[PDB]
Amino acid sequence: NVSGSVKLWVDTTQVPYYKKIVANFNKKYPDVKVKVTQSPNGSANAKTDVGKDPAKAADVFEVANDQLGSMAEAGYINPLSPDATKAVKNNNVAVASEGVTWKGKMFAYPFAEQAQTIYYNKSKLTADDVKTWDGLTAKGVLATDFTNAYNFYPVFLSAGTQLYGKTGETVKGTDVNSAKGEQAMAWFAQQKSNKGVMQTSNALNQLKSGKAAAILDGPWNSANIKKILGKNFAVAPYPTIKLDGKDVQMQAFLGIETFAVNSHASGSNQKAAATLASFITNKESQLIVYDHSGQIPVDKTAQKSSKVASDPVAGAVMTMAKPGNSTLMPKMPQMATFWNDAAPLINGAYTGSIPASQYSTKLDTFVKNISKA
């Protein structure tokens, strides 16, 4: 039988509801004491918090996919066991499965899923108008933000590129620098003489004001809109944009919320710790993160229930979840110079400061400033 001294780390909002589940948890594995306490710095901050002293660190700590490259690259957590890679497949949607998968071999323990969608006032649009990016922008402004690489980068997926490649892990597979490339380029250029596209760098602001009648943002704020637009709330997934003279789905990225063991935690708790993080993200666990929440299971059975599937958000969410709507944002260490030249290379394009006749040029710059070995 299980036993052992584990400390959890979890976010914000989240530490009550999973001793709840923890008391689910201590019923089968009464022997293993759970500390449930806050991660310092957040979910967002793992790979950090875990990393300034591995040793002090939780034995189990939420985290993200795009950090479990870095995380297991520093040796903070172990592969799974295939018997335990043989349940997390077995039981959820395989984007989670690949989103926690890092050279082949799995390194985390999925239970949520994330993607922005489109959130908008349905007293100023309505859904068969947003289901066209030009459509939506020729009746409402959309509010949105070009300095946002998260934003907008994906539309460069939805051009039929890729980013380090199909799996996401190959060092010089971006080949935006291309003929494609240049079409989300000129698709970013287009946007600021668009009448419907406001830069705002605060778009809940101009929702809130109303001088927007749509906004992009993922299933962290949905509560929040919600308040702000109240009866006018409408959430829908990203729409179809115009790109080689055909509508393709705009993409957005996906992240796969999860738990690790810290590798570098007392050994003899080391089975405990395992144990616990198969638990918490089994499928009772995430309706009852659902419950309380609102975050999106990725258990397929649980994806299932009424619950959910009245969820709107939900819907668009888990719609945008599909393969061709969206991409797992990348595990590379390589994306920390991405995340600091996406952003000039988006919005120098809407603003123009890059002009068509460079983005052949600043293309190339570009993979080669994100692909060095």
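Numbering follows the first chain given and starts at 1. Compared with the form deposited in another entry:
- If you assign each C-alpha to whichever superposition fits it better, residue 65 and residue 15 land in the same rigid part between the two forms.
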The other form holds:
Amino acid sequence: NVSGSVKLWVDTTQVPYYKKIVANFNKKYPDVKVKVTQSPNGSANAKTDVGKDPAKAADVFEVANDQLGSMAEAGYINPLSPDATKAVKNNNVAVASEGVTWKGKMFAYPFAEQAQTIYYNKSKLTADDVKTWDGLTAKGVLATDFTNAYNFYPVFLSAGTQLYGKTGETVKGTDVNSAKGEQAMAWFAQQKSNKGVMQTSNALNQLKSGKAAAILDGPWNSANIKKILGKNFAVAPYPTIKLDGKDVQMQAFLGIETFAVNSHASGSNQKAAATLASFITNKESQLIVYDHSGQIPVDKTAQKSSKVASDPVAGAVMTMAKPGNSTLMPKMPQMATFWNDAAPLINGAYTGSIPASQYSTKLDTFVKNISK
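I would like to compare: after the form deposited in one PDB entry, may I see the structure of the form deposited in another entry?
All you get below is the one chain by itself.
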């Protein structure tokens, strides 16, 4: 039997359908009392919302894969048991297992495969127009945010640099302090004068108002964007960009969204938390998330289901996941410093706060900063 009381943290707009998933959980585990709330500062802040006060934080909480190495090293999450690991590995696609694995051990329960794509109004741009960045932006406005390093750091990967080495595990392996890194900086700077590129803190709202023909966004907004665009909805994988005169695919990050179990819980509450985390990341639950938000399951069976297999967003995400089209977000403990420093590096190049004469210096400083 499973008994106990557990608190579950999800994002604000996910609460209604996680209550449905928890109702399904309670059909099987009637004696577990679950309280579902939104998290204090959203899934993007999980490591900080938990770490501020582990005993007060949720027992099961939503967290993206990049945060897991920090939380594992800090002791906030324990490794999954051998049986739990076996189930994650058997049930989900390989990149989901890689996403939750730190130094050979799994630390979370994966549920969604995330890659940004182009979402666009097909009455304003054609499928051919969206194949190249310059061609798209010559024909319509793409709204985006150069202050968000998740959006734009992968241009450095398109440029041929590595982030924490070959597989994202090498502390000193970021090599953007190079001519290749400068090519990416120059690309950001070029976009400031591209009249088809609109800087905004809310690209989705510019799509909704009709001021943008296209945005870069992820599958957490798939259903939202389908509603906004209606019969004009279209999606495509990321386009090519020109770096040093060559056309190369513009990358996105590949992220894996997960639930983790707070290591504070003990006794029956710990068992209940692990059971809940397994359940809410199972195939049925992933498909409920898909039905509501359009997020893409990591479950092998769910991905091949007719419903997901026919969704154009799923197809674009599966393209994005291929080598060369994205890179899995690393999960080094240094990732907080990486994100903090990457955003001003990129935005400084875009706005001109960092002029070309400073690219090499700033990239050298960046590598030192993120490699401690």
